[PDB]
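Protein chains: 2
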Amino acid sequence: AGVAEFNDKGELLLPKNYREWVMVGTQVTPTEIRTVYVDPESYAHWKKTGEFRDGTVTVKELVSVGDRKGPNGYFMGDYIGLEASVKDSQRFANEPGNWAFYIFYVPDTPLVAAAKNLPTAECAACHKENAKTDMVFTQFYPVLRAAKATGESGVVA
Amino acid sequence: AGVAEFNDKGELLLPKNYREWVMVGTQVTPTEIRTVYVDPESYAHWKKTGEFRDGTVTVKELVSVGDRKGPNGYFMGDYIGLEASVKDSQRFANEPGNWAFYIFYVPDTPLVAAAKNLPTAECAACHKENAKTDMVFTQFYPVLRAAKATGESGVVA
Ligand code: HEC
Ligand code: HEC
Numbered sequence: 001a002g003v004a005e006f007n008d009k010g011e012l013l014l015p016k017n018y019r020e021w022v023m024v025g026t027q028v029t030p031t032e033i034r035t036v037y038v039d040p041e042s043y044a045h046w047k048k049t050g051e052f053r054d055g056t057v058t059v060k061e062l063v064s065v066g067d068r069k070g071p072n073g074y075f076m077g078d079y080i081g082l083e084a085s086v087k088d089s090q091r092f093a094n095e096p097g098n099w100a101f102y103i104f105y106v107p108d109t110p111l112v113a114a115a116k117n118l119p120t121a122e123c124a125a126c127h128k129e130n131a132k133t134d135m136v137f138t139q140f141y142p143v144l145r146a147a148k149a150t151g152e153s154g155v156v157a
Numbered sequence: 001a002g003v004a005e006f007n008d009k010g011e012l013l014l015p016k017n018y019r020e021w022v023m024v025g026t027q028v029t030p031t032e033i034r035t036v037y038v039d040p041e042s043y044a045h046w047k048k049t050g051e052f053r054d055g056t057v058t059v060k061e062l063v064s065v066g067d068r069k070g071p072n073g074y075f076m077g078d079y080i081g082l083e084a085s086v087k088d089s090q091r092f093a094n095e096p097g098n099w100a101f102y103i104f105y106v107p108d109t110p111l112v113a114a115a116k117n118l119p120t121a122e123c124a125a126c127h128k129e130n131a132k133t134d135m136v137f138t139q140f141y142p143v144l145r146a147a148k149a150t151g152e153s154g155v156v157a
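In order, the protein sequences belong to chains W and X. Under my numbering, the first residue of the first sequence is numbered 1, with each subsequent residue one higher. Under my numbering, the first residue of the second sequence is numbered 1, with each subsequent residue one higher.
Hint data in this document are derived by calculation from the structure and do not stem from the laboratory. Treat each hint with caution, since some may be false.
[What the hints assert, rightly or not] Computed cross-link-like contacts, DSS-like style, restricted to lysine-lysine with a CA-CA straight-line distance of at most 27 Å:
id : chain 1 : residue 1 : chain 2 : residue 2
1  : W       : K116      : W       : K128
2  : W       : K48       : X       : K16
3  : W       : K60       : X       : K116
4  : X       : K48       : W       : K132
5  : X       : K69       : W       : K60
6  : X       : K60       : X       : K116
7  : X       : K69       : W       : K128
8  : W       : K148      : W       : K60
9  : X       : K148      : W       : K69
10 : X       : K148      : W       : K16
11 : W       : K148      : W       : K116
12 : W       : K148      : X       : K16
13 : W       : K69       : X       : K60
14 : X       : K60       : W       : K16
15 : X       : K69       : W       : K16
16 : W       : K148      : X       : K60
17 : W       : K69       : X       : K128
18 : X       : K48       : X       : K132
19 : X       : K132      : X       : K116
20 : W       : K47       : X       : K16
21 : W       : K148      : W       : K48
22 : W       : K16       : X       : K47
23 : X       : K60       : W       : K48
24 : W       : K60       : X       : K47
25 : W       : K148      : X       : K69
26 : W       : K60       : X       : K148
27 : X       : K60       : W       : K47
28 : X       : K132      : W       : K69
29 : W       : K132      : W       : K47
30 : W       : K16       : X       : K128
31 : X       : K48       : W       : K60
32 : X       : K16       : W       : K60
The following block holds chain W by itself, in its conformation from the complex:
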């Protein structure tokens, strides 16, 4: 259905060019910035329906923080991690909300080309317990809010 690619053993392959996807929110930990992307076709469907289609892929990219002085602030430093989630009613028929969760790398677990779906206690439990909308933390993603509430991807006069 969606953009997710899996190898023969069912592991999720590193999404390609996900930084060209739709950035839906950015968060800061008071040390790290996190950037969240939704693949463009799933975002288009969201705009029309306020729902995550079957096949939806999200990516959370982790960065350290750079310090700017003049001409003061913080900015995205080095890439230090990458997580993803994939919704698939068929492939993940037996997972909560049909979502699978993945780590490609974090402060040292080295990068893998392909990732295995993680146990529910590790990832899905928190999401299904706390996320506003279908196991995604849309309460923190104002791009999605404006898209769902108004069909827009930007301010309109």
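Go by the hints and put chain X with the ligands onto chain W.
Just chain X with the ligands now, kept in the frame of chain W:
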């Protein structure tokens, strides 16, 4: 050439669906988060050349900061401002680097549907004095760095 649209009097119209463009960096002021977008065709050209094509449009979107407690962090709150820049060797033949700068709204100047190019002392002066690359602060935008240095829009194994 590019995606910029101008009205009859030469004012820049609010870009449409710019939140679907390529987010190249996010910055935090220690109070505000700023999100920076480059239109997809100009980003594609950047990937191939490490240069900003004639017609390049950038957008800087300003947000207040929300506070997350559990299950601690900061996230993008309310939209509070929007600036843009446009490179055009023909239309802005007489501007530094051929870039024009714009405010659509900020903490109260109300939103305009169309914006007039701002004086160089107000905007272009700082950019041309301090920005790393052709009046854009690419020193702070790691998406562009990885795209220029490696042709990639994401981590590759
Ligand atoms: C962000 C996240 C995302 C982005 C998409 C989404 O579902 O919102 C993914 C793909 C992911 N994480 Fe999850 N996570 C939590 C919260 C509050 C946010 C948004 C706020 C922010 O980024 O600052 C998330 C919450 C939690 C959590 C609470 C105790 C747990 C244990 C996890 N997340 C665990 C995981 C994963 C296990 C390694 C994993 C692959 C995640 N999250 C993916
Ligand atoms: C960010 C900005 C952007 C994003 C594209 C880019 O050229 O990098 C635009 C379109 C824009 N501003 Fe500029 N600005 C400055 C810096 C350091 C950054 C990136 C870091 C961050 O966001 O935290 C910018 C610097 C300055 C500055 C230094 C004294 C001045 C006076 C300005 N900027 C002024 C303006 C504008 C006048 C109202 C205007 C429309 C801008 N910037 C647009």
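> Can you give the numbers of the hints that this structure goes against, from lowest to highest?
Replying inline: 3, 4, 11, 15, 30
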